[PDB]
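Below you'll find only one chain, the form deposited in one PDB entry, shown as structure tokens.
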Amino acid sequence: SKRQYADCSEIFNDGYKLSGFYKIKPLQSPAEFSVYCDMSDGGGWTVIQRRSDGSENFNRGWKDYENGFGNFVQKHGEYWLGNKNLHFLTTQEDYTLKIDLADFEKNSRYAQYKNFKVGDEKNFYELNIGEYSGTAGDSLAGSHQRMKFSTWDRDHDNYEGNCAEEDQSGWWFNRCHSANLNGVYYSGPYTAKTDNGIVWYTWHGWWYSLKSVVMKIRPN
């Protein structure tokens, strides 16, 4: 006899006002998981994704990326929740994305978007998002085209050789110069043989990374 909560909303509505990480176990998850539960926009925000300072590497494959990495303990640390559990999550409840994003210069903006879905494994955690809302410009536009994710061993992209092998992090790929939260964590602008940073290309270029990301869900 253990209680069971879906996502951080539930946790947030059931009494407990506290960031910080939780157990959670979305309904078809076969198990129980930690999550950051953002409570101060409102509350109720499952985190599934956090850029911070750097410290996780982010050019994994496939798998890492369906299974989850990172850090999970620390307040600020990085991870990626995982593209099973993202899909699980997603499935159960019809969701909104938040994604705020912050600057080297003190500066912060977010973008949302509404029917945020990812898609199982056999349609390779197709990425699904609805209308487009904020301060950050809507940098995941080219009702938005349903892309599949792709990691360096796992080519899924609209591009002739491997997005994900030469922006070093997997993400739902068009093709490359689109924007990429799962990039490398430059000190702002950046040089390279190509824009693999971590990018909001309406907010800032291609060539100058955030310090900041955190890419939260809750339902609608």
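Positions refer to the first chain, counted from 1. Rigid core here is just the name for the largest C-alpha set that superposes within 1.5 Å across the two forms. Compared with the form deposited in another entry:
- For the residues 56, 157, 153, 64, superposed on the rigid core between the two forms, a C-alpha shift of 2 angstroms or more shows up only at 157.
- The two forms, fitted on the rigid core, differ between the two forms by 2 Å or more at the CA of residue 176.
- Once the rigid core is used as the reference frame, the Cα position of residue 167 differs between the two forms by 2 Å or more.
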Second form
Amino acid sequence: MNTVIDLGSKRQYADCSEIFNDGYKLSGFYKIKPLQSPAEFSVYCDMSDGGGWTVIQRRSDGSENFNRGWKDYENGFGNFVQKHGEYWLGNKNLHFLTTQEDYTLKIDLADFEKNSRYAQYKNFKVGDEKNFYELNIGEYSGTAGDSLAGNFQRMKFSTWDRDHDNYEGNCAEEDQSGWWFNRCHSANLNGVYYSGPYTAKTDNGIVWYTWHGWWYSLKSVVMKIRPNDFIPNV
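Having gone through the form deposited in one PDB entry, I am curious about the other one (the form deposited in another entry); can you provide its structure?
Since only the chain itself is given, any partners or molecules it might have are not part of what comes next.
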């Protein structure tokens, strides 16, 4: 088993910011239960970087398969056991999270040359399943450049088997990821884990165009959220 700390008491937390503000300053996996969530679920809490970040997505080493269909992107998948592993929290969980409070999205990015950048968006919100988990994002700031925005109309989430109202997957690309794609496909943090510069039939890697363009696949991603108005306790 992992090192685990059993506090010997129970309290329900909506997100990692509430955990941090209750005095828990250790990064690790915790259970959270957003207001409208039918059950608690594991999430990585990044308590660095000012504290209280709920990690919604992580890439690190290429271990996990992100070529998943609508169901897996809805429910969540990946590694909720290892500190440095990879996961997708699940669109249903994103919706339950981002409707209970107004969150900032921060995206921590690293390349294969030990460089890092970040992108931050105020008011990140994910719509419900009937609305294809559509993305709303507010004001950008940071160093990575704004690759997420549909201006690069809310962007629907798509998967290989749920793409422009086709449910069968017959026009899907190889290794097609789940994302809120814009016209330029300028971001796809759920793309194929290549080792930096790459070539393939399509530009389907871990792309953040405004930093390294379409044909460079990033080394590390953490997508994480915290309330816009988060105030760290002490």
